[PDB]
Amino acid sequence: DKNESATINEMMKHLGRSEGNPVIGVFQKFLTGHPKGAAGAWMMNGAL
Amino acid sequence: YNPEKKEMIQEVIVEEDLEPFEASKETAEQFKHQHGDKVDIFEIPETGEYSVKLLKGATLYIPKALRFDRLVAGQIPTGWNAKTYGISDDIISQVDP
Amino acid sequence: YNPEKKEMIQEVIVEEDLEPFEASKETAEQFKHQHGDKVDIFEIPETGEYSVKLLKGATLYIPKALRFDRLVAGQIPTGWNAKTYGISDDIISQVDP
Amino acid sequence: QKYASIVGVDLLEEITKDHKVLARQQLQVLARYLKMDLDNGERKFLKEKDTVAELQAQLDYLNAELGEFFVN
Amino acid sequence: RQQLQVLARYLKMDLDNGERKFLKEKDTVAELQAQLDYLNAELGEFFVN
Amino acid sequence: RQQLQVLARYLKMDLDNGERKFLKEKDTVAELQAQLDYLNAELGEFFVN
Amino acid sequence: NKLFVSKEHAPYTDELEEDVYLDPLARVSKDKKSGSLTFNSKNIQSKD
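So the protein lines, in turn, are chains A, B, C, D, E, F and G.
Under the deposited numbering, think of the first position of the first sequence as 1550, with each following residue one higher.
Under the deposited numbering, think of the first position of the second sequence as 1114, with each following residue one higher.
Under the deposited numbering, think of the first position of the third sequence as 1114, with each following residue one higher.
According to the deposited numbering, the stretch in the fourth sequence is residues 292 to 302, 328 to 388, in order.
Under the deposited numbering, think of the first position of the fifth sequence as 340, with each following residue one higher.
Under the deposited numbering, think of the first position of the sixth sequence as 340, with each following residue one higher.
Under the deposited numbering, think of the first position of the seventh sequence as 1695, with each following residue one higher.
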């Protein structure tokens, strides 16, 4: 969670996001647990 | 699988000869090939079944129970079944869920 | 692994009570949690080790030997070692060959 | 002794046991024959001392929560 | 029964040793329970809980 | 049966030792008989006699 | 018996990790001292 927060921040910083427009983070695993394989697919379903 | 009750076995050594039990010819020979000197097998004349005297110095596995510490998981709800969606029984038993 | 000599075990039932053996407190309790009524455990006062009376009706696994029928494989030549190419010991023991 | 300090110069029973082993085994088989449980006592004994510790723990608690003087 | 008894005697093995220690501890159970039942009475069930 | 067994154990006396050696020799009987039955077949009964 | 050589470090140092990842034109140069190929801060987001 430290690493993932860091890397997205650095993506947003390098590409010159307007100061005060944060990306909003959804953490689906809190409700669904870690389906280690199917992780991204549920996050995919959620995003859509 | 009850995570409070985990089946596990220990390799132990027989101190004193066991009491005979019954098994098929095939089954007995499988013991003899394993243990060799540390087991004896005999035709029981009437049945044609074999006695198994496991002897001193033989190797055994005795079950035991680890008390494990991760008791919770995100689990597909109770009563979920491939039957209800339309999958047939021949397919279910053949295949990993 | 000798394919003529395949380690396998059978679930059997104890007909008559076994002779006690020594094990650690932790180890003994692991047996007790498994078998319950079908085993007794006692503090040996001097050592602090525990006796294990496995009782009538308990479940055991006894090793046996299957005679298997595929004895040949294309095998990486004898004496091949990751050492000789330059891989260090810390990496070998940690990792699946 | 001064010279020694400077240089560093200095100036049966495995028959009686084997008998007992037999008797032990001979007793065991008779106990088995009689459906007599030798350890039954100690099992019930170990059980009650667990409830002793349990009641003592509940007693030690209330002594702490009230103080020695209050209980007495 | 008799044949067992003489072997127990030979081994200096006491069969009843367990039950003796068992009877002893249940006397201390009643004792601690009596002390517990007292304080439950002196304070009321609600206070202890 | 059990009382006998423990004495046999005490004496380091093996009850089944005989039958083990017996089962061994009848395997060599079948073996020699198989070699004999072969030569009888390869030569004919009349030749051997 | 040295065909395999376990590499000690990444060609970038831990401080330049981020910067290297974000310059698609950052290549490696021969380090004068060590004599192994290291990323140098001069060749990162460089005009040249």
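Do not take every clue at face value.
[As the list claims (entries may be wrong)] The calculated DSS-like cross-link candidates involving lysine-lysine, where the alpha carbons are at most 27 Å apart (straight line), are:
id, chain 1, residue 1, chain 2, residue 2
1, B, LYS1169, C, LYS1119
2, B, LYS1166, C, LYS1138
3, A, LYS1562, A, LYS1551
Keep in mind the hints are simulated off the structure, nothing from the lab.
Here's how the hints hold up against the structure:
1. Between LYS1169 (chain B) and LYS1119 (chain C) the CA atoms are separated by roughly 22 Å; this keeps the pair inside 27 Å, and the hint holds.
2. Taken as a hint, the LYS1166 (chain B) and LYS1138 (chain C) pair is broken in the structure, with Cα atoms around 31 Å apart against an allowance of 27 Å.
3. Using a Cα cut-off of 27 Å, the hinted pair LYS1562 (chain A) and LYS1551 (chain A) holds, with the two alpha carbons roughly 16 Å apart.
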